[PDB]
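Using the sequences and the accompanying hints, generate a full structural model.
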Amino acid sequence: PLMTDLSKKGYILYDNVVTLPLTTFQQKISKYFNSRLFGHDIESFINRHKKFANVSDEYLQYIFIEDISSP
Amino acid sequence: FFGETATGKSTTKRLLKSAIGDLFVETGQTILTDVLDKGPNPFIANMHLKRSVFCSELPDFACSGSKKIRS
Amino acid sequence: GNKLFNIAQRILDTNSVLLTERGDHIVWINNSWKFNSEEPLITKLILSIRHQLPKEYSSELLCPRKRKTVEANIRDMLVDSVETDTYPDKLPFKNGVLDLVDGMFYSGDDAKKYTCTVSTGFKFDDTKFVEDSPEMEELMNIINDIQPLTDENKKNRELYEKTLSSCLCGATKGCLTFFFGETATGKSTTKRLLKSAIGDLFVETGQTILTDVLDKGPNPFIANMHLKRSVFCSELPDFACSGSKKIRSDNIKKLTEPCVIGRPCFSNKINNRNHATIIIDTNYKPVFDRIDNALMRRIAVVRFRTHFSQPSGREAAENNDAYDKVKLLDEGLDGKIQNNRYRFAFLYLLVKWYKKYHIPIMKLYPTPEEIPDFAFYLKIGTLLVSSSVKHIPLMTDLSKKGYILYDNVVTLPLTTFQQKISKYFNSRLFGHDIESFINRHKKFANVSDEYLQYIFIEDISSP
DNA sequence: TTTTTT
Ligand SMILES: Nc1ncnc2c1ncn2[C@@H]1O[C@H](COP(=O)(O)OP(=O)(O)OP(=O)(O)O)[C@@H](O)[C@H]1O
Ligand SMILES: [Mg+2]
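Protein chains in written order, with full-length UniProt numbering: chain S, 715 to 785; chain Z, 501 to 571; chain W, 323 to 785.
Simulated from the structure, these hints should not be mistaken for laboratory data.
Honestly, I wouldn't trust all of these hints.
[Stated by the list, open to error] 25 Å max Cα-Cα, derived DSS-like pairs, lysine-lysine:
{"no.": "1", "chain 1": "W", "residue 1": "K388", "chain 2": "W", "residue 2": "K517"}
{"no.": "2", "chain 1": "W", "residue 1": "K356", "chain 2": "W", "residue 2": "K390"}
{"no.": "3", "chain 1": "W", "residue 1": "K764", "chain 2": "S", "residue 2": "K745"}
{"no.": "4", "chain 1": "W", "residue 1": "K325", "chain 2": "S", "residue 2": "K742"}
{"no.": "5", "chain 1": "W", "residue 1": "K477", "chain 2": "W", "residue 2": "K764"}
{"no.": "6", "chain 1": "W", "residue 1": "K325", "chain 2": "W", "residue 2": "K366"}
{"no.": "7", "chain 1": "S", "residue 1": "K765", "chain 2": "Z", "residue 2": "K538"}
{"no.": "8", "chain 1": "W", "residue 1": "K538", "chain 2": "Z", "residue 2": "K538"}
{"no.": "9", "chain 1": "W", "residue 1": "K674", "chain 2": "W", "residue 2": "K701"}
{"no.": "10", "chain 1": "S", "residue 1": "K723", "chain 2": "Z", "residue 2": "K538"}
{"no.": "11", "chain 1": "S", "residue 1": "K745", "chain 2": "W", "residue 2": "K366"}
{"no.": "12", "chain 1": "S", "residue 1": "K764", "chain 2": "Z", "residue 2": "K538"}
{"no.": "13", "chain 1": "Z", "residue 1": "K568", "chain 2": "S", "residue 2": "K765"}
{"no.": "14", "chain 1": "W", "residue 1": "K366", "chain 2": "W", "residue 2": "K513"}
Set out below in structure tokens:
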């Protein structure tokens, strides 16, 4: 039911699961975390944690707490 | 058994194990996704005359790089 | 009244057989404690002690089966265990114990109160344990040839005669010694002399105890040094060549602790007592995996600078920088050493040296200056000082030098650190050290912000 | 893998 808020931020629900654009995860990670010191951790997280429903869409099944805050 | 979080699924484990005792046994995800005929496997020796075996806390296998179950 | 039971009781009342913490049985035979896990020493004691028993008991011990019965009784009556090897300043022999404090020699019951489970393996002789003897005059010549009595070599000679005298003590030593020198300098002659001096208390092992893991499976090379007082490792390879393994930095830390974990074959005992001085003779200086402060306080080095050469190759030897003097070689010395000619004179000299350095207290100290690998880590502590709260008021001067305040702490960004550090160390020879150092102490305030928590001492003095 | 261990 919270997608009513997520759609206000432009977030999307594809294949009946909530997903965010990838570029959004890397900009949030860069804006809150230092790339130089945790690049290996971020890369391992993304590589071992990526999910896809078809040959074109790749997605993660998680939502930032900051996204729940009202815009 | 399929369900969501906080759904008494782990409670039924306790109700069954209290009802059975030592015969009831737990297992993890280490053995179901790995070949049991290769290398030592204490579980292969352990299930000897066990009455029931329960497997839970399975990580989602849809993630890329997560090694799916071996049928 | 069972006769054999009475014999067992009388034997037990003499305190001639004891049970140890490790489960062994120690027997007092021929003025020495002996033990062995494969031979029946108890029956030997029973047969030997028969002369002290009354005449109606002695004839009963001639039958082996009755000796086995008495052995079974004695095993049944031993229910409590005792400690062994608690006196560090006693030197046990095959027929007595020598006191290193006063110099007296004890035999019989006087030596029994010191429960020593090891010995040199040969009998003590007071006739040859004297100062005035032709062998002593000969031996002093070799000792002076190896270590000259000159002013530049004084400190090294004192360290040399401290490490050797440290081998008579049965305590734990906190440092390892390296005998460094070029070929044909007498490094092995002192090893042979010390072996002939101390007998069974000497042991030589392989190089795996400095390179491999000591606690994977059976390892007799580490379990054969239990209760020994001198351990030698010989001829480690040169690490410049490819494929050579380096010395485990954490292995030498375990060799300093009083207890060492190791297991023999077909054994369950995993604890070994550390009483040994560890000496490695080398032709190349050692290389370690990691350098830290805990490593630098456990290494000592002794130099050898005298060359013994045949007359054919003398001319080259005088043109080598690695030598300070050249002397003619003696081709008959090794046979004399192998014949134990200089045994008791070297023992007397070792006792004389022991009275000079270790009577108040016994301790060994490291010499970190000798190793060239440490020279970087030693120098940094004298050039960089850690940031402190007291340095805040002085930053008015530090602003002109390029220092920046971050989180109310004096900080210096990476970009300006390199040219400051290049004023002391050359890039080519110390590139790997400063790279490793910078990566192991870099801190970032943000994605593009860099800073280090050190300040130079030369920067707190006004130029 | 094999000495290890039995
Ligand atoms: N004082 C001495 N006078 C004459 N010859 C001596 C003296 N001391 C030792 N030598 C002789 O020097 C020779 C070489 O010494 P030694 O083998 O101990 O040298 P080293 O430096 O330990 O050698 P390496 O490490 O290569 O085995 C020996 O044959 C020995 O007899
Ligand atoms: Mg030698």
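Hint-by-hint comparison with the structure:
{"no.": "1", "hint": "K388(W) with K517(W)", "in the structure": "43 Å, violated"}
{"no.": "2", "hint": "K356(W) with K390(W)", "in the structure": "19 Å, holds"}
{"no.": "3", "hint": "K764(W) with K745(S)", "in the structure": "21 Å, holds"}
{"no.": "4", "hint": "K325(W) with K742(S)", "in the structure": "94 Å, violated"}
{"no.": "5", "hint": "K477(W) with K764(W)", "in the structure": "41 Å, violated"}
{"no.": "6", "hint": "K325(W) with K366(W)", "in the structure": "19 Å, holds"}
{"no.": "7", "hint": "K765(S) with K538(Z)", "in the structure": "30 Å, violated"}
{"no.": "8", "hint": "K538(W) with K538(Z)", "in the structure": "23 Å, holds"}
{"no.": "9", "hint": "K674(W) with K701(W)", "in the structure": "39 Å, violated"}
{"no.": "10", "hint": "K723(S) with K538(Z)", "in the structure": "51 Å, violated"}
{"no.": "11", "hint": "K745(S) with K366(W)", "in the structure": "84 Å, violated"}
{"no.": "12", "hint": "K764(S) with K538(Z)", "in the structure": "29 Å, violated"}
{"no.": "13", "hint": "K568(Z) with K765(S)", "in the structure": "13 Å, holds"}
{"no.": "14", "hint": "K366(W) with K513(W)", "in the structure": "36 Å, violated"}
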